[PDB]
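Just one chain is shown here, as structure tokens, and it is the form deposited in one PDB entry.
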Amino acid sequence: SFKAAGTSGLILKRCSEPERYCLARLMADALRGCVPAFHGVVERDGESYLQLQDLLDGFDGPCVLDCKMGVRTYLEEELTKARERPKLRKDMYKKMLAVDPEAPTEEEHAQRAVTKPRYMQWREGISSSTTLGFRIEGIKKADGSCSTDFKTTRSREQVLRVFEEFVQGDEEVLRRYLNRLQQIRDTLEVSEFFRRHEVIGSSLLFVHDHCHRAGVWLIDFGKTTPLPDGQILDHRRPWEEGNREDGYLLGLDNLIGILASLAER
């Protein structure tokens, strides 16, 4: 999905129409500073790429944690599609049997395949997504080491322990992360973009280094979609099919609470 840009400090991501639309709006929004700078689109090898700020550029050997935000992680239109015209996914079946052999139904076992929405719902439930409104997806280091081994990280305390290990006792990093999340929450709550879009499948990317530099940005607007006609979301109330609620701010509230708790340990 990513390639190296010519210009210093930039990075290319394969263009997608929803994401291009979102980033454009966001540069003119209150949230402008809370997302990677978007510099337009460019062609390479006959294909479109977003020109983005490389969020790692200011850092010396950055540690990175990606947190998928929301209680729901698929669009409502996927549910519609899975009813009328299910696309059976065999890979998604095998993961289930790995985490939980009793998870698939008798019929799923017989099909060796599940619908995407079914797969995404189960993933939300064995992780923290359903209960806390976010989940940890991965950690990268310049230590070189990366991990995506977080599929059953669910309890508030399991999540805390992952962040505890990620910050490695750096009080300044943690204080900065918290300060940045508070300011992001404040921006989200007045953002014109945020009240009028359903924000699904995006992440908060935490970045720090051994010099105590810390930043956090919202990324990945590929599944972020406008609400029709001045309908708005509050981003905290439970999702019920039809209301298009994403629980984004429930997740952000909970994440801030966990980091604040960690800070007081």
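Numbering follows the first chain given and starts at 1. What we label the rigid core is the largest C-alpha set whose atoms superpose within 1.5 Å from one form to the other. First, how it differs from the form deposited in another entry.
- Once you line up the core between the two forms, the CA of 99 is the only one from 190, 99, 88, 146 that shifts by 2 Å or more.
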Given for the second form:
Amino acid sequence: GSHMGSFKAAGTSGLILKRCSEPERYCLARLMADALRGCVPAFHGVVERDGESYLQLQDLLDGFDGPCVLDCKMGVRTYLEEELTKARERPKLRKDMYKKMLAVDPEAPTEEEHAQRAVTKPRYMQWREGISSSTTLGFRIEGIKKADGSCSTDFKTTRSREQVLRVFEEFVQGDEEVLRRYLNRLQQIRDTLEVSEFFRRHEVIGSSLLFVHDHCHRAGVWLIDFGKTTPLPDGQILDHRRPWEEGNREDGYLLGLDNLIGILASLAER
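Next up, the form deposited in another entry, please; the one we just looked at was the form deposited in one PDB entry.
Only one chain is given; partner chains and other molecules are left out.
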């Protein structure tokens, strides 16, 4: 298997290039020497391709024969707290996000948003959290790429525990071995997160769990996308379960993982 926005084919077999960003490069470097080393794609350093910097990553699809892929965005919160400060002091009115909001729900915007034809990023991202499962379950399905070539990103209103279960039910297509392997992996990831020095000291926002399986029953799960993962002020740590309140920088990451494990455990007994 192979993946090939921000991605480019690598020179070397089994690798992929992702546009380098400073938060993400800092994170992947730290993760290679963390408990979470095996839970993330291998990071091999940075390369230049036509004057641009790329992260050299493990292509997670490379082991698989016609991979099925599900991207699950983790956390009750999907934006940095500084976005709220910027939206109050010096707001950037996003005409595009008003349109994207209008497209999903023409009646979601306020009187004033309608008049602006524009919303703030945090307002848009909080709305996306509330009509998806992000706010109540601490994760949401972002998309699926199936082995039949078909892909879907039509999950913005996938919200209830039972709606999420039905997406995973269709994704695994009755393969008990794949589901057992996903649950074993998620249990071991949760154990690793609970002991990780990196995880206790970082606010993990905008990251995904990438589920990958094939018709040969190979199955894996990795954490990806550390573009918005930021170190806490030294000596401060998060519990990753307690509710977010502006200033505490809580992400609900483990509330999301606990709920996700519960849903797959439910599916396995159906």
